[PDB]
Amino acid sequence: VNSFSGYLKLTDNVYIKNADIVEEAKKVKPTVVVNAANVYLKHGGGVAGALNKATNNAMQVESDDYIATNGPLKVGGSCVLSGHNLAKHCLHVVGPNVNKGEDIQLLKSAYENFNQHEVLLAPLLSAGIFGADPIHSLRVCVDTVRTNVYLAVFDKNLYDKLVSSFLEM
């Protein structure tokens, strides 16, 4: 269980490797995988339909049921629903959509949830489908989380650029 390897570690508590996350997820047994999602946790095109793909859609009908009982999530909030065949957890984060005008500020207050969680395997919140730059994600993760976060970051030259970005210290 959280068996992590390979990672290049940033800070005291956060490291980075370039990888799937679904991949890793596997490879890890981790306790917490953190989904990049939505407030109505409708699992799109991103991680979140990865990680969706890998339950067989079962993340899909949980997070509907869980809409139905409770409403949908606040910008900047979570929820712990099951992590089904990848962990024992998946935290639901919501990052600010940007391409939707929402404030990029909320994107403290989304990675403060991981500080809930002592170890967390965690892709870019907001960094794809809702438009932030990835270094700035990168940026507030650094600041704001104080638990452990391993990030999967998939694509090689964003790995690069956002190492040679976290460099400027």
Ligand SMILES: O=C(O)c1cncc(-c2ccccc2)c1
The other form holds:
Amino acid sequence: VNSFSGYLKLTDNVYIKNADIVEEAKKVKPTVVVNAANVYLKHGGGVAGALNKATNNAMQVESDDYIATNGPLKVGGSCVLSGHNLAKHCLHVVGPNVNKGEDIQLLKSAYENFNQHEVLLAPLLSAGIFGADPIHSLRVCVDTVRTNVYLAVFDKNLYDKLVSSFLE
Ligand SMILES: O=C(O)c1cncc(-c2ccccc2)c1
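Could you switch over to the form solved in complex with ligand 0LO, since the one displayed so far is the form deposited without ligand 0LO?
Zooming out: every chain and molecule, the one shown earlier first.
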């Protein structure tokens, strides 16, 4: 049903809310929730851990089965798997891990995957343990994605910084 509420317009196609993406997926019933994935689709923490836990490990069993056919994803790559109880689809997207010297230029490639989906509920890619500046990631989102993105940002202090950088 894609019932997004309380999202702040940043651009004509990029929206942002200070919210837990799991709680968002349960209220919004989005067609697509984006996972901040690693190449092995091992959902051990952050957004991936959160989404998987909310599926009571359904996502992790499907993910393994995919990895068995594919081997690992490419950095900048994605797959479309079931959203389980959270969404029709989960778009698992691998942003570069700049901690491991993966090139920040691959963040554009990661966001380009969003353009395959009319409307997405999504985190910022390559933030947190992936080590990219989240405000940089938002700029790459805005520059790259032309389909309708609804970004959920868990942390209020980071949310305010993001909105201050974008609108002030
Ligand atoms: O089956 C569909 O066409 C569909 C499309 N978008 C969202 C959903 C959905 C997503 C989460 C919960 C319940 C329903 C289903």
